[PDB]
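Okay, so here's just one chain, in structure tokens, the form deposited in one PDB entry.
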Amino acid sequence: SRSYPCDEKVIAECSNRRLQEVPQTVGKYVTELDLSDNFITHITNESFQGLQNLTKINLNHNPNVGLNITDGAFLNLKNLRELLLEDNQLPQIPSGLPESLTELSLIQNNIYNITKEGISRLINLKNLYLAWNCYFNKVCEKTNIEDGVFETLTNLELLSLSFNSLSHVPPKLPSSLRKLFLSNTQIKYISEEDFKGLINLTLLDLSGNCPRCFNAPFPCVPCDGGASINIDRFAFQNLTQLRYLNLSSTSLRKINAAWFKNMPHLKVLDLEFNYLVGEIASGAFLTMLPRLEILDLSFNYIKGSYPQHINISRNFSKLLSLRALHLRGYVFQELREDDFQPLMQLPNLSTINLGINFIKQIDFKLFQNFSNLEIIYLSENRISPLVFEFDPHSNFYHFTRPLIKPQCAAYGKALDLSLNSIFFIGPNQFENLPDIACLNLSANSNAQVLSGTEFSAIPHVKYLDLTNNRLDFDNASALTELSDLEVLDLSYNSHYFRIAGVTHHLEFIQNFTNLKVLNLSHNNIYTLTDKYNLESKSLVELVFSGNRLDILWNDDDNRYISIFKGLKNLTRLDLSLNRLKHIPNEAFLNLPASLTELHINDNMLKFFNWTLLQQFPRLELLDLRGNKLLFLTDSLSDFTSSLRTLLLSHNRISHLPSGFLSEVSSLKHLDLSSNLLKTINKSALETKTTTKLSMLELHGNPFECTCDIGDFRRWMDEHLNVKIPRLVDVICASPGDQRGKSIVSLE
């Protein structure tokens, strides 16, 4: 039978299915099993029956906004390798866990007592996550770790105790440890004996102990007087394998060089949210880190201080392996050439992160002198013209996304000037720069008329982001100096397009021989001056969303009838959010014959002429989601041989015509979800020549469940080739007796 309620594909995915009990309906060879997000309020020896090969179970957030597991529920398994209990409001570690477990996550529970009766028999444990049980203003109790609880686990590699009230590094920790997470534990003092016996440690996280609480975006309790963490100079002595060390928000004003004496493999050092300005300026510790790749010094600013310049010690010149340097929230006015002199001969330093410094001015010519910089991140500054709340599985101190969009960075050397003040680009702005492939000028409040001379000193820009400005496109030669331009993002430039009475000029689009992708979204374009057509021989993708094609294509106006025809290479066109009630036949027929993909979604369409699809022989995806459409042609096979994906969700369709679904041979993905369908006839499904369809989305329709759905329910069993996602969401709305029942639950 069709897999229900789980999607099996060997893993079974039951997540977020509103299950009130563990499924007895589970498969046979099911191994990975995810029950997360369901409503299960009870667990037992009965609920899991017994099964075969299960190598994993995810019980997370059962139920959803606790859980009762009786002593010895998971008991007879012996196969159970990994078990995830997060967010179930557990007052205690469940008594009677299996001996098989190598992975256990108790994260985000009420467990205040870690005891031998819950743990010490777990000898096979590899990774154990106890994080986020007692923290912030949560009413909770100090965490008691029984003496030698972890001592019994001689295979233990990772241990995470973070965001719990500890006060001391637990003693008698197994020497097999690789990674140890102590973050935000209220530990004031680290002694010589705390970490002494762990010679295999590659990671130690002490962050958030004695935090720097000024301007905290969370409840923050400092050590007495706002004191630094106290780490004995021999604390790290036997730590020879250490790679990652997280000292963030330890309130450090001084860093003992002797900490790093026995730590030759050190790679990533996190010093964020401390008071390190002095140490950054002088910094004996910098001499001790020859293999260090990533150094994060972010948010060390002196409160209320705004110095003219940043003070970097010459000892930075001794990190020979340095790859990225993060200095955010240092807070200084100006970056001069000599200030970065110690970084310039570092062979591997490809990334400098200057975000959120309120920097007014920079001598850009310094970046040239650097050995090889790939990413120059200046976002969120003052640069002006040249003259539960926290993801427990994520880094708490800084975001992990790429600094620069990967699609932009792949082109080459990237300069990100976003969220600054450069409101006018003057003739010398970009002089003395490296050869910039990827440039981000977004959110500079730029109101200027780009004339074609502005980027001439960096003529090689491949990918240009001008989004969220005020640009006034009054010149046909704008941006044409960039010959190699490939991607251009003009989004959120609506300021001038909105005013009927100012001139508007898009003609520059045609000059580029390499332009591939162009984003005109959210510009409110309803009118252009003298040239109504967009023309490019190169252009591949055009994003036109958030404009007014309802105005451009108004029935009484023929000037814009051809607006997209001149893009002769175009395979992808996004027409969404143009407030279209209908598209004039002529206008639709004037869309490029080359189109493989067309998005009309989230308009007001009450009419669509299906016949017109005959003029688009390469059309693959047609996206009509989020409109008002009632009508479906019964003829589709006559208008397209190429259609693959058809997305109709969030429309008004109450009727599938006889011979609709299966008569298009090329159709794979059909999306009927969130429509008005009361049923599906035997006539809708035929099938003379078999359907290539691999996916059919029916969820969120008011199916009337009587014997009239019998044929569809029959069709589903006869085609298991066709998957209908979210079976738990394909639901009888009628009659009153069957309400809420899944369509496959009907007998």
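Superpose the two forms; the largest set of C-alphas matching within 1.5 Å is the rigid core. Numbering follows the first chain given and starts at 1. What changes on going to the form deposited in another entry:
After superposition on the rigid core, the single residue among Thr44, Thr706, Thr687, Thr41 whose C-alpha moves by 2 Å or more between the two forms is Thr687.
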Contents of the next structure:
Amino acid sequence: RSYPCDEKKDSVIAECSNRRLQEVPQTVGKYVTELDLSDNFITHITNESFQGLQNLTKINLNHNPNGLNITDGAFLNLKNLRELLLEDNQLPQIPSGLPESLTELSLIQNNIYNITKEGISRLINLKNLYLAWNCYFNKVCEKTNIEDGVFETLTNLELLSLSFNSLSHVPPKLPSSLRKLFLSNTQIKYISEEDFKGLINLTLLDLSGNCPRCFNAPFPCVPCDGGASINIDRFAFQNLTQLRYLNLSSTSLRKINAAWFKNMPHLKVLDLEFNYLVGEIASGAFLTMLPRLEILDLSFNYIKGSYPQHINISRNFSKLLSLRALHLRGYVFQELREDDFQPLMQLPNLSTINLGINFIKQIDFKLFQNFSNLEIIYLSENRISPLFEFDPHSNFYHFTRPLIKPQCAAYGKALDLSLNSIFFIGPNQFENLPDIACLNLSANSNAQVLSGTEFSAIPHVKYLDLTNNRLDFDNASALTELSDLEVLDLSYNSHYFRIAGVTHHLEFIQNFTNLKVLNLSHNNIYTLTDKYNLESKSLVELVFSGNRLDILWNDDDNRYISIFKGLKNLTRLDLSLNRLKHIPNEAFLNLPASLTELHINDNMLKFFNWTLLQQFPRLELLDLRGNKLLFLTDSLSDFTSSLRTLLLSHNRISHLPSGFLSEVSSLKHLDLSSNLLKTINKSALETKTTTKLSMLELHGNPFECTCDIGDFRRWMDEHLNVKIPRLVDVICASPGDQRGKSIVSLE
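What about the form deposited in another entry, after the form deposited in one PDB entry?
Single chain only below; no partners, no other molecules.
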């Protein structure tokens, strides 16, 4: 049994990260090809650390310890080591005597201020070299010395990242093999005609954050004198004929030279965020030179102190024939009129329009249907009313998550109006819109009494997000015009639900013949009007977490005893976070017999009636994590032949009954972590049959490592293929001389 790592198997990974290791383990399998030792407490690497492990092609030593001392030549023996990750190790230098086999080396987030021939010029197979984020913001550090011609040797180098270092000039003598060159936030003020003249293979150039626009910066930001623009020679990009990505965000551009793009016939992504380009947006010649451009980001180009009535888009936007996505967040303007987006309306592939964070107060919605074919109309975070801190592997200037959840966007055209002030829905709000399938009205503080007409103009919504509002369910016909609805999210509408004296009608749920997923979480539901039962022939999943089943199922009240029984198709039910101390037997018995997955985690349960599992013959997963359960039934084998996964972590169990690990015929995964087990008896292991488990989780119990643990230790050896994860965290609490050892120590 592999220790302290967990092995996964076109290569074999030893997962050994975040395990408190104070040394490289000397027990790595000889068949391992990738070794992850990140996030431990390792302080020395030498030539003995990985002795003879010639199958290792990748080693991850990021974030050690929690500086890392690597001797000269420590890795030199590894003849096929290709990838070495040494991020966030407080290194003062590039380690010497690295193996010539390397194709990827990462030294991100260290204290390296000297890039030398001695450290890298021998690494002639290098393909990707990451040196970003060694000297930046208000760190105490030195300007980076790049030894003249250090990279010139590296004739296979395709990616070089030097961002977030103090460089002052583009390094000379770069190899023409480069494809991707990242020089963001390097304090370069001037790009010469010579800087990139031989980089005829380059596909990506990142010059962002040189002469930055520092107003309202979320980091320590140092502008060029006067807040001046980066200075880019007219001929700087003359031979960059392979460029697809160009990042000039936060370079304090006021002017774009259209002829910069004369010899980039492939440019596909242009990032121009956080500049001063309102004037170029209105009249820019560069827009005519980009007929293959797919993504244009012009976000945060606002004029400080200016709140113009309208956005001013050049007619030359009509020449962006391949455009797919246009991001215009943070331009800052009051009203969007149809005439204002005329230049975009014939572009055949413009599918995403992003107008987030513009403080727009009014939109002429009819305009969107006159575009050729929008699929994402993203208007989140405006003012519409009724009609180390930075991840070095992510984008610095924006989030990269999808604008609209993929599960909602998969249904078809999407309109996102979240985080505005559309506090009620008037009879004309959705007039003249495309056939919207995905609608987001989250966080509009909406208090509407939905009554069956409000979405009549967009009646084919399939995924509706009404979260974080204050909906008032006073009318049983709410939402019944949406006949095709499949997903409804009503999470965080507690406002009226918490008030006993107003009405709460959830009758409408029965009207949907296509509804599959319903989220009622965090509504503080404790009382309903007239009809006490939820009913649906179609619903498969109900999330009811964060409500008050403790009240609904109070022992003095019989009204809600079948609240979910009428969800005749239900397979997944989440009752977590409902303050439950015990469930009435009759209420448990009235849960739908169709259930396969039942979550009751994070309640306060001291009692569970196991016998009632006899009435759920399709139940595969039962989650009771995070409760106060003091004991387990001794008869689970009599109550289920379907249960596959039983999650019981974070309870107060101190004894495992006879047969618990063997007798349930279908049980594969049993999580008993973070309970109060001191031992596991022989009788628990085996009765008439032998275990069918494939995973048993036990970390965080106070095991007693006397000879009384001997039967379980022998059982572990007889049953190697029962995975017990985190053996390093399956720790003797006693006796004193064994405290802190994994139970897997001692004999």
